[PDB]
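Let's start with one chain on its own, the form solved without the named molecule, as structure tokens.
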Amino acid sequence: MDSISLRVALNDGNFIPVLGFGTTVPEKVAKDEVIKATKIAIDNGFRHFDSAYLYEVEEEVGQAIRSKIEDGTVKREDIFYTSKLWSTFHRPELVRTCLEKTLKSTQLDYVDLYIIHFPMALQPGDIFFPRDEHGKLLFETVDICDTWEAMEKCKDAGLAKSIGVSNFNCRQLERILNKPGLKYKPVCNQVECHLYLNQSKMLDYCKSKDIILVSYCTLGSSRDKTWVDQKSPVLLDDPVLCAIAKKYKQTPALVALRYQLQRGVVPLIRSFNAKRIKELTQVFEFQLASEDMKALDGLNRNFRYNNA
């Protein structure tokens, strides 16, 4: 349902910005002074940011937000922040610790969204992926509905403005939303989507239950990418995609954006280079014809470039 303007309805009668930014592993050159890169993000309009416990940037991303509410650029109501509850911290009697641990470290007043980062729950502790000495990980059975009971509580507790899920599919999704006595329903489902795994099936489902598919790896990432094995498919160098983004001029990042935006999906861009965060404010100076949309709503393999 069409997007492309600055803000959008989200369940709770709360409004998300439509195009977002992400934070994680970096560029060798210049390295992990991420504060600077989030500064060439809010100095551009970029108001919705996405982080996690796991790829902690928080302490130093929190701070650049907490510097523009000092320049006199931002005023809080204007800043939307996603963070995530971690797999270890999934055990119900403790959820809120991850949240506080998330909020002290950001120096932000509270968070705007908190989401279920995984059904995959591992035991409580100090190492974020405790493999069982070896093999795979020590995992323990806590419950998905239960962590959601333990999520709503916190909104109702004023600590995080809205709640949502991530990496859930239609089976884990339906469950969240089917449990006894649910109160605050899901907003987003930050699954990975883009032209080569653009879930037409999650879209004609998320939307049925007002769940807003926010997406990572929208522009394919490609640089370095710590999961590359297949000696083949660099999508933002693809045939069709490097055609249409000449038929409407400038190289295929902006079409990678444009399409998803145009489907009515809330994308996440990562960057650090000023340059590629700036070609992306252009994502609204373009347009997309339906023939083309279908010549784009065609590229899909179904290869998940990120894997569990």
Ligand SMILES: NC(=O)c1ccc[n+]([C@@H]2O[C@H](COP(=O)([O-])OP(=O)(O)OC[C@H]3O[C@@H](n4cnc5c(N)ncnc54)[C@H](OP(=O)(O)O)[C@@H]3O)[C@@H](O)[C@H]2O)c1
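Numbering follows the first chain given and starts at 1. Superpose the two forms; the largest set of C-alphas matching within 1.5 Å is the rigid core. Compared with the form deposited with the named molecule bound:
Fit the rigid core and compare the CA positions between these two forms: of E100, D224, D156, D78, just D224 moves by 2 angstroms or more. Put the two forms on the same core and the Cα of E59 is off by less than 2 Å between these two forms. Once both forms are overlaid on the rigid core, the distance between the two CA positions of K31 between these two forms is 2 angstroms or more. Superposition on the rigid core between these two forms places the CA atom of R171 less than 2 Å from its counterpart.
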Second form
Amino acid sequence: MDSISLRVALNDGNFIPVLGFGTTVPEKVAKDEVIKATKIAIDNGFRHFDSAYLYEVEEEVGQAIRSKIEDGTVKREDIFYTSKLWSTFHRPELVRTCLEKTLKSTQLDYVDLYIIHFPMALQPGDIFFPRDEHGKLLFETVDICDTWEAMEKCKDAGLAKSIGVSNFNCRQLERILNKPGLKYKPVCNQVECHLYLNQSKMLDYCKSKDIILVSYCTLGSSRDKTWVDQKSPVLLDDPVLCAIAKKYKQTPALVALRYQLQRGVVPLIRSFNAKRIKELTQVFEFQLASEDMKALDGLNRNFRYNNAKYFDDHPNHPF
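Could you please show the structure of the form deposited with the named molecule bound, as a counterpart to the form solved without the named molecule just displayed?
What follows is just the one chain, with no partners and no other molecules.
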């Protein structure tokens, strides 16, 4: 069967498809394009979809998914849908409210994985990034351990099959793992990970705790100018990556992706192009040799495309 549909074990007894499909829509691209791409991803064997409250497209993604359930292509159970809790709902009493909005929007009866988008709380309200009239960002110091307890209850309530975090550093992660009364451990930490920021320490830390590293910007991001510095290196053009790709008669994208899979990372990818969507499904058809992995490991330069500078000087900034 579709090898990219196959699953890996989560520490709570659940299983996640090994390859995920992101749903962020680029600034100048139309939101209906995500419906097109999602249906195509499903047709190509993609069973893991990553979204978020912040993305404002959960209505569209849920629509693409249900149409495929409707026409008998898949069952809810075949789909693994991930969503994320936004910073303005970090207050314990607001966590489930955020999730219930996602459920209402997607029309799915539960999310397979619900995660904390960032370890930073912002003032409750209707704006994603609330600032005062002088531009200061209105944040709060809600303890992650408190928001985490609210996340555990959403799992107990059956609204989320699994719970995890995103953009957490080791200190923040340790804070939750050592929390007294901890009932459910985070099943993953979704962070930026690619050839220029391979996260070997975080990967080692997660392995020792049975937490999986789910990577984003795996192919060097979408270079969306609203959030990616245009003077940053283009990952897929890297000479060493292109030489190796050439050596295996594969594309750089496939080599950048395979590298992650080979090191134990569950990667997220995104393409609104039908040829490229199909192309990524062949990542299991080859295998990098030790020497080549060591080569790619050497491309690391601790470079972030996602600095989270839109969070200004939040006392809890992970980076």
